[PDB]
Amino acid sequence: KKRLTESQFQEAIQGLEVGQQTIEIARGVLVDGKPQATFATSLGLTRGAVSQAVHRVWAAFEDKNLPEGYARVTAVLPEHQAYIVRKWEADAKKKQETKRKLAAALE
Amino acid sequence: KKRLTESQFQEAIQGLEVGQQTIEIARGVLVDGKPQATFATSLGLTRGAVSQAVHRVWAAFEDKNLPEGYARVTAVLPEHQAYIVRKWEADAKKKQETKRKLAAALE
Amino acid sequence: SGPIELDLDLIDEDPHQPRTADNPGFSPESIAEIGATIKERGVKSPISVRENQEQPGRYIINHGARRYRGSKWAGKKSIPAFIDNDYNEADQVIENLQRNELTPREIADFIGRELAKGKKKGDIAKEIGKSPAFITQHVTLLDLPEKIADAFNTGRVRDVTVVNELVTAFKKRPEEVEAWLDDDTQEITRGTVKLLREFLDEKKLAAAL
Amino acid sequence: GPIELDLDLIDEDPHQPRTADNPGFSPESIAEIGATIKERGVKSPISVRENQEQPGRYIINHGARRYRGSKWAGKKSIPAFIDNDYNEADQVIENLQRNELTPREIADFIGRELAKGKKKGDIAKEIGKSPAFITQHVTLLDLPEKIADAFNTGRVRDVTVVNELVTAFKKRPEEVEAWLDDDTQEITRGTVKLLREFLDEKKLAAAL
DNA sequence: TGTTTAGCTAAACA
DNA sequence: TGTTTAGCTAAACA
């Protein structure tokens, strides 16, 4: 599934505009590994509410987890610009493999 | 505040998964040029519901109005390549705004 | 032991000179700047003139149009010169080429005029002391597809070798090349063109498979 | 007219503003002008001064290339005239009007004049250029390390772009260095322009 | 008067 | 049992 550690979770909700209950639900599920239905039953919410709550935090996490100096972008582009964006991505994932394999080689 | 011709409207709702009321609201506003508050007052909805209804249909239109080869792409890029991809989108949104006002002017 | 001062009023620019009026070295900045140095320090590179056969007492510039204009703007009556009556059009091309004064268009147009005389690329190359390949590259410019032409004239692309690369690409996949050019923000360079070709090859190969 | 001088009585000026690796002094370059000189002769006579410290010999004011190409053609002599009032700035002017000087050559010439206690004002005057032209080339004398690498490996050659890059780097160095550290990144007026736009978009979302 | 976006339901879906 | 997305509100904002 999707699981986080408490520290990973901490970082995801930092400056996220979300209230108590979403945090409670997400920590329950992502961190403590509790099934979403438990919260649905106990807070009297639809299974869809709970799914949405988990999803907010999980997305937040993926956004903060992108290497610094990088960003997700999404767009609708001419074919030619499509190609370029794809070529950029490849060259970028290579440079991160060299950054990763380098940290790993030093420590 | 922006408008569709009958035929542009029809193309936007073609195969769009939305109910009658959204269609009725959108037609009123985008085709018949009636203000959204009319519908809010008459259907007893918040101004935000009606704004959302209009927005669904308007989006649908912009999606169908793209030239061939255009396509949503997602990537994780170095920040400055992200900027360019965003600049590309803007310049492209402008060209589609010119394409729409021209179809409508031929009609 | 010297050149000789000639009155400017007895000197005329050659109207078949290979540089065109829109040459950047004929810009008001260019001429006013050379006027300035001429006023201060004098003309220290004397110009070459021939005697005008059809109009006794008057001269035609072989080389030195710019000094000649700059001399006027500086307010000079005369200009250092010597006479060389054995100076033809190729000599002019050569001297301008040696100074990197000719635009790609100017060179291509000079080559057009020689072709139009029934001369052969071989001998046009010889007469301006350049390679067959130099001639060929510039010949491409004499008959450019419309959009590539616009790009070249508006100066979006200036390097004759990139223009060559563009035309090859456009001969194979024109509508795509035109879309690429129809984007005002697209810089045209060896590298951007390279990306264009890579893109085209990615399409060709989903065209057959 | 001008007068034929023996080549072996002519020496190049060692303070000439073009340096040995100037592209106009390349073997092709000389071979090409040699070729035209063999065929048609030198039709733009060179300027020399009399060598005060070595009677009967001459020093080139302008025409080093014709002089080399005259040798390559196998000539005894070369058309010339004497102008004994021809200084270093006159050389810079002549070379600038022929676009023969590299940005580095111009910067280094400006370095030498500053080192003599001349002021930008007067260096500008004496080569008939603008104070802004002097400033732009001064930037090249002390470039940040990575911008220097780019300039000397010839990734960027245009003095005005190099200036645009340095300005960017003075305000946001880390970012400018990351940009340069990408081997695929073309450096041009336009790419740099996009870089600046990007940086300005970030400063604002720093205050937002 | 219209926009935005966390948060809720419903209900089709796997 | 969890995901998705039209459709709704609230309520700050434009």
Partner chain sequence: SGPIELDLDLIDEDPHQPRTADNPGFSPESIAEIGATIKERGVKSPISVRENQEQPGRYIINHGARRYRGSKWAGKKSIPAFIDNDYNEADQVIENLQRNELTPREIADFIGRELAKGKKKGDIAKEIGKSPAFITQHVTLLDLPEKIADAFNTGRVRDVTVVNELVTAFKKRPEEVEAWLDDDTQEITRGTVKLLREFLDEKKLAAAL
Given for the second form:
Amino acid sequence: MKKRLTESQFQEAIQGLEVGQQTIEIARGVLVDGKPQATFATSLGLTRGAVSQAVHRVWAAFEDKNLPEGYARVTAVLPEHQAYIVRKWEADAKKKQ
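If the structure you just shared is the form deposited with the partner chain bound, then what does the corresponding form deposited without the partner chain look like?
Below: the lone chain, stripped of partners and molecules.
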């Protein structure tokens, strides 16, 4: 019920995004129009898991585009201490609330 976009936010999310029209329609109805995921499961004959994933794809896409300014995602295999530091960097940024 919580977790939502504007049309403008939504349009950003789906720009470039490689997904079909069903996914788009489901995500808009849920994220923009505040309708329950369950009415799309029912109406489309789909499990609730499928609908949660559809909504998730558009959600995730929006987040990947709204990372704090200047910030980058990074992944790497690191030795223990260097890995610990990344954990601490993040965790100290989470305990910045």
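In this text, rigid core is short for the largest set of C-alphas that superpose within 1.5 Å between two forms. Numbering follows the first chain given and starts at 1.
Novice: State yes or no: after fitting on the rigid core, is the Cα displacement of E89 between the two forms at least 2 Å?
Specialist: Yes; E89 is a residue whose C-alpha shifts (by 2 Å or more) between the two forms when the cores are overlaid.
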